[PDB]
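Each chain, letter by letter, is given below.
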Amino acid sequence: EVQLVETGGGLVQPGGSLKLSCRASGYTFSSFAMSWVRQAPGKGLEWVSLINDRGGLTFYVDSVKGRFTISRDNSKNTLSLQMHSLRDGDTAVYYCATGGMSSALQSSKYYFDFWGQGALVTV
Amino acid sequence: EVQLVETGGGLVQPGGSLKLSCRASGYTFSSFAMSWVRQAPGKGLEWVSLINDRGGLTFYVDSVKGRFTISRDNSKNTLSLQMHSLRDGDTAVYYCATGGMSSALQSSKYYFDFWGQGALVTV
Amino acid sequence: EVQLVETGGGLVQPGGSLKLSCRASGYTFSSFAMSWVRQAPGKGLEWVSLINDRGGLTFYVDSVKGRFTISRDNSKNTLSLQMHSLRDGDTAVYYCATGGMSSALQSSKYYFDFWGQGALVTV
Amino acid sequence: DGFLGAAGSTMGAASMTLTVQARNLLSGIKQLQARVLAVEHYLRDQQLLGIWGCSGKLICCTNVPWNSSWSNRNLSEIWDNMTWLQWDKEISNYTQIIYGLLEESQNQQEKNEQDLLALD
Amino acid sequence: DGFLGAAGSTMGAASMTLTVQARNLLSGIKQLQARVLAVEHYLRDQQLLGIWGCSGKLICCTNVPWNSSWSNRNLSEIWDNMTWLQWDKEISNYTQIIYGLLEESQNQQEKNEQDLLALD
Amino acid sequence: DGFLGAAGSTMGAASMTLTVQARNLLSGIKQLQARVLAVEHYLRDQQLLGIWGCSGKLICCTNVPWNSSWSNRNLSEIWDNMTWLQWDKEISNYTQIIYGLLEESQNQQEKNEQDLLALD
Amino acid sequence: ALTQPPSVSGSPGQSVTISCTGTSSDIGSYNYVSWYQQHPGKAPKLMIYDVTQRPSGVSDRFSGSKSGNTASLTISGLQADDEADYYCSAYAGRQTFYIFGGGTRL
Amino acid sequence: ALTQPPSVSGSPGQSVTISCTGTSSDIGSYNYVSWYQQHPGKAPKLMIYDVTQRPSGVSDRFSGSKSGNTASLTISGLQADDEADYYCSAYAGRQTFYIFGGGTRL
Amino acid sequence: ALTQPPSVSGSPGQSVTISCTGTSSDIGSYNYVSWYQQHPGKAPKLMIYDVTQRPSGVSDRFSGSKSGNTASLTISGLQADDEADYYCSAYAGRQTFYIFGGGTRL
Ligand SMILES: *[C@@H]1O[C@H](CO)[C@@H](O)[C@H](O)[C@H]1NC(C)=O
Ligand SMILES: *[C@@H]1O[C@H](CO)[C@@H](O)[C@H](O)[C@H]1NC(C)=O
Ligand SMILES: *[C@@H]1O[C@H](CO)[C@@H](O)[C@H](O)[C@H]1NC(C)=O
Ligand SMILES: *[C@@H]1O[C@H](CO)[C@@H](O)[C@H](O)[C@H]1NC(C)=O
Ligand SMILES: *[C@@H]1O[C@H](CO)[C@@H](O)[C@H](O)[C@H]1NC(C)=O
Ligand SMILES: *[C@@H]1O[C@H](CO)[C@@H](O)[C@H](O)[C@H]1NC(C)=O
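Residue numbers (PDB author numbering), protein chains in the order written: chain C, 1 to 52, 52A, 53 to 82, 82A to 82C, 83 to 100, 100A to 100H, 101 to 111; chain K, 1 to 52, 52A, 53 to 82, 82A to 82C, 83 to 100, 100A to 100H, 101 to 111; chain J, 1 to 52, 52A, 53 to 82, 82A to 82C, 83 to 100, 100A to 100H, 101 to 111; chain B, 520 to 546, 572 to 664; chain I, 520 to 546, 572 to 664; chain G, 520 to 546, 572 to 664; chain D, 3 to 9, 11 to 27, 27A to 27C, 28 to 95, 95A to 95B, 96 to 104; chain N, 3 to 9, 11 to 27, 27A to 27C, 28 to 95, 95A to 95B, 96 to 104; chain M, 3 to 9, 11 to 27, 27A to 27C, 28 to 95, 95A to 95B, 96 to 104.
Here chain C stands alone, though its shape is the one from the complex:
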């Protein structure tokens, strides 16, 4: 019953920007941390960004520390990612996932529990 639905963009050129968004259903949104995982068309998986359940602590992979902003709205059950510059090497499918962190009073996670289907971002 858990579902994450990507509503992303399309093709942009280097120097522009693109905002991705995911809608969540089937679980309490505010109870889980969420993250973005990137997969280039011909490559494997890599982690890009992590946001905690309250949207107060954010972490990024070094390659995007100065380019991407991750935010969430717990009343809308919406996760979003604002990506700047978008170079040729950033073409990939961007997946939302639930898991990756737990807010001290919850049991340990350190894994991605649920996955969406992925938005395709091209350059």
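Be aware that one or more of the hints could be misleading.
[What the hints assert, rightly or not] With a cut-off of at most 27 Å between alpha-carbon atoms, the simulated DSS-like pairs for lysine-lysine come out as follows: (1) K:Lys100E x N:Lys66; (2) K:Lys75 x N:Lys66; (3) I:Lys655 x B:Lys601; (4) G:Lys655 x I:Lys601; (5) G:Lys655 x K:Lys100E; (6) B:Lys574 x G:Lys574; (7) G:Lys655 x B:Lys601; (8) I:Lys601 x B:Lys633; (9) G:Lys655 x I:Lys633; (10) B:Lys655 x G:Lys633; (11) J:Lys64 x M:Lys66; (12) J:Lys19 x D:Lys42; (13) C:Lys43 x D:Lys42; (14) I:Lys601 x C:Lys64; (15) M:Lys42 x J:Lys19; (16) B:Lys655 x I:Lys601; (17) K:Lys43 x K:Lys75; (18) K:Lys43 x N:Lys42; (19) J:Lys19 x M:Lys66; (20) K:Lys19 x M:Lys66; (21) C:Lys75 x D:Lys66; (22) I:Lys601 x G:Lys633; (23) J:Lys64 x D:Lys66; (24) J:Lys75 x M:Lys66; (25) D:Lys66 x C:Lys64; (26) C:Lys19 x D:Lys66.
Hints listed in this document are in silico derivations from the structure and should not be mistaken for laboratory results.
With chain C fixed as given, assemble chains K, J, B, I, G, D, N and M with the ligands onto it according to the hints.
Below, chains K, J, B, I, G, D, N and M with the ligands alone, put in the same frame as chain C:
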């Protein structure tokens, strides 16, 4: 009416030391942060060191972190810089400047407001 | 009258582990910090690890930060070092030494005061 | 919510309002004696926190491990399925041990920091 | 200068002597009652600072932004052309709002630190 | 050991039990007055530590150098061959100077930190 | 990144192991080594979490273990519907949160 | 350092722009991009501070702007006495305080 | 590491100096430059501690000094029994605790 007057040295050889000094007039010395800016004879400008208005916080460019000491005397209206080692690449005009920092209760600066004429340091 | 006696191991292969131990006599064991110094068969001396007098603060040379564990037992007058991986470049004589640190209320040391004779560790 | 409004809330929810209870501890010889005693007890609690390395904090993490025998419940049962009133009863027989362990670990931490700062 | 000597000084100068006033807060039933009340008020001020994350500090920076409507004066007019007595009057109608904002921002900071420390 | 058990111990050994003495400071008008006075003196000592930048600490290092004239003994004689009762007598004539120096160095540290945090 | 074989295969009814290797600072330090199964054209799904624990709803044929700096996913009872790109991932501290290996085609 | 054209010129009575470029971590993060005018043989003087603000006493012909990671100094009404080596500089955080570009000869 | 001559020698009855050089961040910053004497086949023993201080029990013929980034061990009254591999070492802060030079054969 604001004037900064350099009273520096001349030619030294590598491994020695040279002390530069600037006298200030036309403003309250203790009210402004001051800094040193270096310009090689054939190059552009670069920042070397910054001292705050009380002489308690000092910052240096990485290339001189282990070689230069910056100090000031607010009763004498005197800024001084003690330079060690002085390698061939350190030949330059050394300018005193007023600005570059503000002590939390003052409006933002982050610029060099007043300049002297510069001491010529050779190796 | 001060003596440090090494009771180490022999030859191991890469990917294994070896534990070294030193017994102390002639002084109060708990009153001095102790450390390990390594000397390859054809090279000079290098510092490997330092443990304070209470066994609560440990420091390692960068090359072994993820491989060696240093511990001491002040009731047994025993120092020990647990070494993992043990690559070909780790063949050396490992010496225990007394000195290298002082716990704030003691006079400064920053030197190795007493030495053992050394265990020979090969790969 | 107001003072003690979270008394029936779970621990993981009740902890959100610690400030509300903290602010209500300070807010005719018998009455003067009661006021002096209340001040002394407040200071005793602040001193007890101070000697653990928890000064200006309402939530303070420590380095004492949980020994399980004190309570072997799953973390999610304690924080989501218990109130603070019940928890205060389950471990009422172990608080002196925990307090002693916290005092000892703080003494060790302060001595180690004092020695660590001496490395010129 | 001495106790309250800076009362007529500007804010940016008066702040240099905060210790002088701080040390003068602690230094016959009616007199005993007055002393107990003075102690309670001292502790209430210390608790109020403690719940903001400002413990052993006389000058403490926070993460609450200034909303301008409280006072839209230039920073140099407030610190160089005003005394603390005047400033206490200009914003006397906004101190409860600021105190509430400080308490909330400290609660958020403590919870975020507790969660941040859990990342093994 | 117990309360004041370390009184005859050396300074470097006696410092191991600071908590034991710290916990014994808080633990009929004349008696009520004595209790109020004891509370005021406790708070005065805590305030004095607070204005030095030493809040929730029993051992606190500072940036005031030792001037030698206060006491020119070797560090090992002070910590291994002296008790705290004797030390309190050797430097009983210099504690006001040291306290003033500590207060000034804390004022300088707090102002420098406030300015350092402003560098956007 | 972790190193995985580029391809592991076998006949239906048999069993395979897919290894995952790293270093002593990540896979050998934190016991959080998860596995994902990505069918072509689909998002990955979680197969193993923690080190040896399986999510509810996932077949008992998928298991695993870890020793030293080597993790292994064991797939027993191979079926024709298990063809997927398998990935390992692990926690690597507070600076680098997750490190993934390359895909292994079954 | 910032990148500037090596030379910008025009006839008296016209106008030019002198660009200054950097990266997203400095010129595009902190809105503190100043400009200096250095006549040959003389120390530089401040022409623009903040991003678009001019010091008192400096002619209204000197103005500027910033967008993205690009700053620009606009000099209108070119005079023969404006020949100078122009420099841009910007704040770059608490580690690297100021970064300067190369000189642009008018 | 510190730089030392590979070999220093002289006839019995004479004197030599063994230099030790480093940089301004270690040997020239912390006044903790010790010397060790390692006879072949034996562990090193301490000859000089601090900068110029000698341990009790060590002959008065061994002395030393430091200036700038250069330390020197002076051995006077050379004897035939002083043949050893001499080493210098120094404290280098809280990150790199001790740095040793190469051996100098007497
Ligand atoms: C009380 O019980 C109800 C029903 O389980 C629950 O929703 C509520 O959160 C509990 N706590 C309070 C304070 O009402
Ligand atoms: C846990 O408590 C028991 C006594 O209740 C004790 O014997 C045991 O050693 C404790 N465990 C640890 C790890 O301290
Ligand atoms: C009072 O006013 C005078 C004159 O403006 C000024 O110099 C002084 O600093 C002010 N403050 C005090 C405390 O005298
Ligand atoms: C500033 O205060 C007003 C009410 O006085 C409020 O409506 C406004 O939202 C506040 N601004 C911010 C940024 O909180
Ligand atoms: C008292 O003196 C004895 C003998 O020197 C010594 O062993 C002991 O540590 C001293 N202190 C106490 C508290 O007994
Ligand atoms: C030490 O104290 C004396 C007075 O007792 C004073 O004259 C001297 O300046 C002090 N030294 C320092 C370094 O402050």
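Q | Contradicted hints - numbers only | A | Those not satisfied are hints 2, 8, 11, 12, 14, 17, 19, 21, 22, 24, 25 and 26.
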